[PDB]
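Given chain A, work out where chains B, C, D, E, F and G with the ligand should sit, using these hints.
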Amino acid sequence: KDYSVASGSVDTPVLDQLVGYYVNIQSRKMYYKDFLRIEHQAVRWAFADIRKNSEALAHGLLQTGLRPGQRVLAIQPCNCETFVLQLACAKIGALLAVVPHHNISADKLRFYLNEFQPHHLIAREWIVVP
Amino acid sequence: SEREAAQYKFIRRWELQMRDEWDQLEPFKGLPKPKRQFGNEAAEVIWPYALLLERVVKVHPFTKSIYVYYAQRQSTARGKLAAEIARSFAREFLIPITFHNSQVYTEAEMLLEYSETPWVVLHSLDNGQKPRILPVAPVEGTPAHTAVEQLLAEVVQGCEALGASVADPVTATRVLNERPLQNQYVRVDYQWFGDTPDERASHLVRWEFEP
Amino acid sequence: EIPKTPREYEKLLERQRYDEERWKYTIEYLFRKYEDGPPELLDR
Amino acid sequence: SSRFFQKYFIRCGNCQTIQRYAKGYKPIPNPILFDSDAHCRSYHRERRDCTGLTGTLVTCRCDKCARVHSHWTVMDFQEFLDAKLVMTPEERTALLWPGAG
Amino acid sequence: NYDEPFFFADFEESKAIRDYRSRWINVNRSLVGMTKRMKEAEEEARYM
Amino acid sequence: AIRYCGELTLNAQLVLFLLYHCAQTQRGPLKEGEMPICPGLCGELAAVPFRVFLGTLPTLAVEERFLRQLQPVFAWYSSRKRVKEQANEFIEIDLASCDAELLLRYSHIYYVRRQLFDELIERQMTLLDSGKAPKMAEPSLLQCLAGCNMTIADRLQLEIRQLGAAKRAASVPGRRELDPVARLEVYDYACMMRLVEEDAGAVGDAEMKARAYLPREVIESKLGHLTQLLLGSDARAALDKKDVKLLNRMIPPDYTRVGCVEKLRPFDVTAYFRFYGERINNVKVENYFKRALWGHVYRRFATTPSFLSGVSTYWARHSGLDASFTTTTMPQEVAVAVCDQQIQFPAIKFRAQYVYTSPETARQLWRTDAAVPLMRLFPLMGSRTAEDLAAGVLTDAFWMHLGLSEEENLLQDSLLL
Amino acid sequence: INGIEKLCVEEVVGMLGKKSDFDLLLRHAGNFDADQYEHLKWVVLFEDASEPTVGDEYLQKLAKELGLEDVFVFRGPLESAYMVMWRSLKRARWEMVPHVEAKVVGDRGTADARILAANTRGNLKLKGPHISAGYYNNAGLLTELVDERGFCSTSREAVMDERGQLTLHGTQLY
Ligand SMILES: [Zn+2]
Numbered sequence: 046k047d048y049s050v051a052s053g054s055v056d057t058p059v060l061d062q063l064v065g066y067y068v069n070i071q072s073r074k075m076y077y078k079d080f081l082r083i084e085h086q087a088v089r090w091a092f093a094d095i096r097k098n099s100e101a102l103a104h105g106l107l108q109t110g111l112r113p114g115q116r117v118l119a120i121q122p123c124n125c126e127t128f129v130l131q132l133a134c135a136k137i138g139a140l141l142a143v144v145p146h147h148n149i150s151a152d153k154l155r156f157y158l159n160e161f162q163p164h165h166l167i168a169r170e171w172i173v174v175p
Numbered sequence: 063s064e065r066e067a068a069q070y071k072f073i074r075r076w077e078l079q080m081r082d083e084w085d086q087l088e089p090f091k092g093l094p095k096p097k098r099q100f101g102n103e104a105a106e107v108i109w110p111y112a113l114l115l116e117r118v119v120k121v122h123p124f125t126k127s128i129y130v131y132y133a134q135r136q137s138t139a140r141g142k143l144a145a146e147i148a149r150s151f152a153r154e155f156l157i158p159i160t161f162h163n164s165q166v167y168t169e170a171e172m173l174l175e176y177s178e179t180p181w182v183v184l185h186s187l188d189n190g191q192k193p194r195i196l197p198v199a200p201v202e203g204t205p206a207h208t209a210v211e212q213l214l215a216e217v218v219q220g221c222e223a224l225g226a227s228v229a230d231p232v233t234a235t236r237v238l239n240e241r242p243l244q245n246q247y248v249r250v251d252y253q254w255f256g257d258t259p260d261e262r263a264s265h266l267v268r269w270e271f272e273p
Numbered sequence: 177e178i179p180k181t182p183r184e185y186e187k188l189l190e191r192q193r194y195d196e197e198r199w200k201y202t203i204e205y206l207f208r209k210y211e212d213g214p215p216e217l218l219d220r
Numbered sequence: 002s003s004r005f006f007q008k009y010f011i012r013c014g015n016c017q018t019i020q021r022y023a024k025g026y027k028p029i030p031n032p033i034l035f036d037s038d039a040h041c042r043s044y045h046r047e048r049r050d051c052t053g054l055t056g057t058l059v060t061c062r063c064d065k066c067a068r069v070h071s072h073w074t075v076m077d078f079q080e081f082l083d084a085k086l087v088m089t090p091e092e093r094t095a096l097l098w099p100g101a102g
Numbered sequence: 147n148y149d150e151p152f153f154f155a156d157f158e159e160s161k162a163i164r165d166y167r168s169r170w171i172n173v174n175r176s177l178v179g180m181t182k183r184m185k186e187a188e189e190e191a192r193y194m
Numbered sequence: 105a106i107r108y109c110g111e112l113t114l115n116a117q118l119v120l121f122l123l124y125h126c127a128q129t130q131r132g133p134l135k136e137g138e139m140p141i142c143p144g145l146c147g148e149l150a151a152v153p154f155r156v157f158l159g160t161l162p163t164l165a166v167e168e169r170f171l172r173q174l175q176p177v178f179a180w181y182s183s184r185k186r187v188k189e190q191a192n193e194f195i196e197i198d199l200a201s202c203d204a205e206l207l208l209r210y211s212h213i214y215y216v217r218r219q220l221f222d223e224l225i226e227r228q229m230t231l232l233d234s235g236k237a238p239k240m241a242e243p244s245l246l247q248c249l250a251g252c253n254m255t256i257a258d259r260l261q262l263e264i265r266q267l268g269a270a271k272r273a274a275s276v277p278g279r280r281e282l283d284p285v286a287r288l289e290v291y292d293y294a295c296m297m298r299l300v301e302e303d304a305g306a307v308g309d310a311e312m313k314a315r316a317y318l319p320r321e322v323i324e325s326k327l328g329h330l331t332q333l334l335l336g337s338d339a340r341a342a343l344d345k346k347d348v349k350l351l352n353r354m355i356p357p358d359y360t361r362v363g364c365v366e367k368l369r370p371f372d373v374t375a376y377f378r379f380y381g382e383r384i385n386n387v388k389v390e391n392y393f394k395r396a397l398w399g400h401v402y403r404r405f406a407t408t409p410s411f412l413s414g415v416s417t418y419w420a421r422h423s424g425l426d427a428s429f430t431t432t433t434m435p436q437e438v439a440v441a442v443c444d445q446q447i448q449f450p451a452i453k454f455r456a457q458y459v460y461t462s463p464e465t466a467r468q469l470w471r472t473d474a475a476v477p478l479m480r481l482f483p484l485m486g487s488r489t490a491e492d493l494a495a496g497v498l499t500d501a502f503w504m505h506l507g508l509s510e511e512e513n514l515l516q517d518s519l520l521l
Numbered sequence: 350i351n352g353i354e355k356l357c358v359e360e361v362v363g364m365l366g367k368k369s370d371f372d373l374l375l376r377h378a379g380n381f382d383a384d385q386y387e388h389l390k391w392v393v394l395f396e397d398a399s400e401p402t403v404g405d406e407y408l409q410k411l412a413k414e415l416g417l418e419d420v421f422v423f424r425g426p427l428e429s430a431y432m433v434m435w436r437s438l439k440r441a442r443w444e445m446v447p448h449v450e451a452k453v454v455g456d457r458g459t460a461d462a463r464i465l466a467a468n469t470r471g472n473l474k475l476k477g478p479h480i481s482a483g484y485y486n487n488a489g490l491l492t493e494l495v496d497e498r499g500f501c502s503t504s505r506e507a508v509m510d511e512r513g514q515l516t517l518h519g520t521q522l523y
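First to last, the protein sequences are chains A, B, C, D, E, F and G. For the first sequence, the tail end lands on 175 under the entry's author numbering, and the numbers increase by one without skipping. For the second sequence, the tail end lands on 273 under the entry's author numbering, and the numbers increase by one without skipping. For the third sequence, the tail end lands on 220 under the entry's author numbering, and the numbers increase by one without skipping. For the fourth sequence, the tail end lands on 102 under the entry's author numbering, and the numbers increase by one without skipping. For the fifth sequence, the tail end lands on 194 under the entry's author numbering, and the numbers increase by one without skipping. For the sixth sequence, the tail end lands on 521 under the entry's author numbering, and the numbers increase by one without skipping. For the seventh sequence, the tail end lands on 523 under the entry's author numbering, and the numbers increase by one without skipping.
By construction, these hints were calculated from the structure, which means they are not laboratory data. We treat Cβ as the ideally placed atom computed from N, Cα and C, and that holds for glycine. Hints are supplied without guarantee of correctness; some may be wrong.
Each pair of labels, with its calculated beta carbon distance range [to be verified]:
1. A:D61 / G:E493: 18 to 24 Å
2. E:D149 / D:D36: 25 to 31 Å
3. F:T129 / C:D212: 20 to 26 Å
4. B:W84 / D:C16: 15 to 21 Å
5. D:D36 / B:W84: 33 to 39 Å
6. A:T57 / G:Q514: 18 to 24 Å
7. F:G268 / B:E202: 47 to 53 Å
8. D:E92 / B:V201: 29 to 35 Å
9. C:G213 / B:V201: 21 to 27 Å
10. F:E136 / E:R169: 54 to 60 Å
11. G:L491 / B:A226: 31 to 37 Å
12. B:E202 / C:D212: 23 to 29 Å
13. G:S481 / A:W90: 23 to 29 Å
Dumping the calculated DSS-like pairs for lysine-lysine here, alpha-carbon to alpha-carbon at most 25 Å [claimed, not checked]:
14. C:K200 / B:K71
15. G:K367 / G:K390
16. B:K71 / C:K187
17. E:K185 / A:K153
18. G:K476 / A:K46
19. B:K95 / F:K326
Looking at chain A on its own, in the form it has when it is part of the complex:
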């Protein structure tokens, strides 16, 4: 009220590890329990699945040539796999870039390619745009 500063309570615990670590822990604890549901992709995954194919996709990117320093560019429209890519690129430490697809042309695409200078381009063929 008197001065401009605002603070929240500090009693809440803070998680400082990597992402893959909590994925492994949560995969050991609840293995068969559901993680995400998607009807339009027919995706019903457990924590089993998310761990398994997260690091599987990580290896996939490793053999596709990705390295811990460089970037990925991803234009995918509301899939599960952009999240999976979040985890995969987290595991190999590559910076993932997610750009909005709702207004996309050649010019700003080549702007993104100029900016991030990605190793990979995660794209579509037919994408749905308003």
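Chains B, C, D, E, F and G with the ligand in isolation, oriented as in the chain A frame:
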């Protein structure tokens, strides 16, 4: 060889002053130009910095404007006295008030009619608040070196009452902090202190003893 | 104050003529052109 | 000029009212862009300023009569204490600054 | 009037950080369309 | 300046006032010296700027041109405006519709009545000459005062003579400072409430108020200011307020214009003006301290002496506008004031007005109303109402009787010698 | 409509979103039965600080139309992952998210900058675990200051309310 060139330049100066080639505004190139108007002649006159140091008059911070309107001709017998007080106040305190307050915009007008009642319009930082219009009321027992200070006191208390009447000051405060600089058109001759900006600004620095 | 530089002396001169001729610095002398209305309101 | 703070007691010469005047810190002109002619005369005037404003024409403004004039007379504090301690308390109100009872 | 407290805010690093910031905004501006330009440079070299 | 309060459907016609050089301006200087009386009026008009050139945008149908005609001591400017205005009117004669030309009887009566008028026409003209020889004085400066009298200079000289007629200068600006606009508006509503029961609607329509905004040169618009009118424009608002007033009025020009003449000549009277008289402060509420609320009697007397003078030119100039053939060769030859205002009213309206003025003047003279201390007396207003109603109910039913009234009371109104 | 028909099948006990697409749900939720929403209890909408302040009557509209127990509004700049402060429907007070400090400072300091007077516009600094001081650019990966006190520059200017409320602004341009 500085002395004779100096002489040369002085005689040259007086020559152009007799023949009307002399531009008195050259030091002032970077400043915006005040209103060319029938009452605002208090603006174009180059003010010594010393008598601006002499008249230090502050009003309430919530004042944004002071207008002084007076009739060119006064039909009324006492009309002349009122006009003279208004004229004197418009010439003596309008520029200084502006100078020190710096958010207050000050304008005087010579409006051409026979009317004996000059008035002063005070605006506060509220847009929603009506301006206060104070009449000039010379008492017939008061000369023109006294009544002017009386009008000054009236303007000060008017601005103060106008500023303490303000709906919530949070708004007025931020509007005040962000209101741009109003005293830019003032032309000041800095005499014996012109050498660096810090004594150009010397009227800002105030010594506070016994804190 | 004895000025050891010429500009020091014009400073001295300026404060001096602010002191001795002070009638120069009263507002009526600043207003010599207006003892009346503005100069364009006149006759020829 | 000026490196150190100093307090002075000055008398307004027109109305004879004593007010106090202070001189604060203003920095040396830059040592890296060097000017001997600036620095040295600044030094001599600094020494002068420190001693009672000996060669300086004092210019300030009276509070009791508000105008800027150089009529001021600089008083060393013993002359001040000679001037002050012989005064009735009602003329301390007129001649001196607030309080100073 | 203008006095500062004893524990006084720093001007040196605020300066270094803001002017550096200025330099990198300039870099952000200058780097727009860089890859195409650097593509044409090689073609001009080969032509020359 | 000759016909106040006459109004007509008009279109805005842009006119560039002068030619001047930015560095050295003769125009601006001479005007600013001579144009003081309505300054705000010169301040409000648009300033059109061209390379090394200055111009001011004028609306001919607006009262601005009339103000230029009155207050400008420059011959060539007012001459340019005059000639270009006459040329514009003559050029508009082809494009504009044929004049109404209501009745041959009115034309005959006006023709026979107009013949005698030039003796005193020479009197007033040589009076304008005597005023022009003395026109150069400390107060007013002219380029050549000895120069021959022309058709463009009439209004200016008229002003000089009226100012000379007034024992106290400047009565115009004094009375203006005293009289508020809204005050006279509300008191004209009171006048309507008392004179005509449940008549004259409520207020003027948007078209009429916009017209009056175009019919008046406005004042300083600054904070804490009340709009004020010159006595002449007070007479203008007063008669224009009477034509458009009446609700139950059928469509006839003479009947409803008679009210106009009545309220105009009511604004001419000293007692009414002094009765309505207030200061700026009492109406504005700024200063509750005032020695005298009412206009000083001398100023009123002066103001009244202003509007009465030059009856002959007042008659003849308007007589030119009765018919377009009468307006064809009399614009150059006959003394007249070119006005875009009366152009649209040319045939029926101007003539009917010319008769109505005389028919009202008969009432004014025969009743000796000018010196009446209380003009709001009941009997007076009753008789006034019945009078206007009768004269209105006559000419439609019987024309030649009204012709007789016009002629006889014309011999009465403007004295022969 | 297909969205509602899916979410009422999938048995979602609570869902997330933004105002602009809850608009479409509000258009087409009236066409369905009330009890079809019986599983939805709470809902969340996220707010960028340049929105300011989704009105609480809108929240009331959501809660009454979907048969909701509580509507949660989170707000914060995009650097903060859209959470700095938050409110419920029943609680209008803006509670800070835990482990978050928001301060508004002057311009003359980095670490040693001073807190302003709680209405005055000055720089904004956020300290929290979920706050990011890096941003990617044409040049590459970039970072603004994280200082000795642990706070972090956002390069944004803000105004604090008396009651907990942040208002972001563009940079000061006089
Ligand atoms: Zn003194």
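Structure-based check of each hint:
no., hint, result
1, A:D61 / G:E493: 18 to 24 Å, "holds, 22 Å"
2, E:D149 / D:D36: 25 to 31 Å, "holds, 29 Å"
3, F:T129 / C:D212: 20 to 26 Å, "holds, 22 Å"
4, B:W84 / D:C16: 15 to 21 Å, "violated, 39 Å"
5, D:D36 / B:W84: 33 to 39 Å, "holds, 35 Å"
6, A:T57 / G:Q514: 18 to 24 Å, "holds, 22 Å"
7, F:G268 / B:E202: 47 to 53 Å, "violated, 35 Å"
8, D:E92 / B:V201: 29 to 35 Å, "holds, 33 Å"
9, C:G213 / B:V201: 21 to 27 Å, "holds, 26 Å"
10, F:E136 / E:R169: 54 to 60 Å, "holds, 58 Å"
11, G:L491 / B:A226: 31 to 37 Å, "violated, 50 Å"
12, B:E202 / C:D212: 23 to 29 Å, "holds, 24 Å"
13, G:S481 / A:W90: 23 to 29 Å, "holds, 28 Å"
14, C:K200 / B:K71, "holds, 23 Å"
15, G:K367 / G:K390, "holds, 17 Å"
16, B:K71 / C:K187, "holds, 19 Å"
17, E:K185 / A:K153, "holds, 18 Å"
18, G:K476 / A:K46, "holds, 20 Å"
19, B:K95 / F:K326, "holds, 21 Å"
Hint check: violations occur at hints 4, 7, 11; the rest are consistent with the structure.
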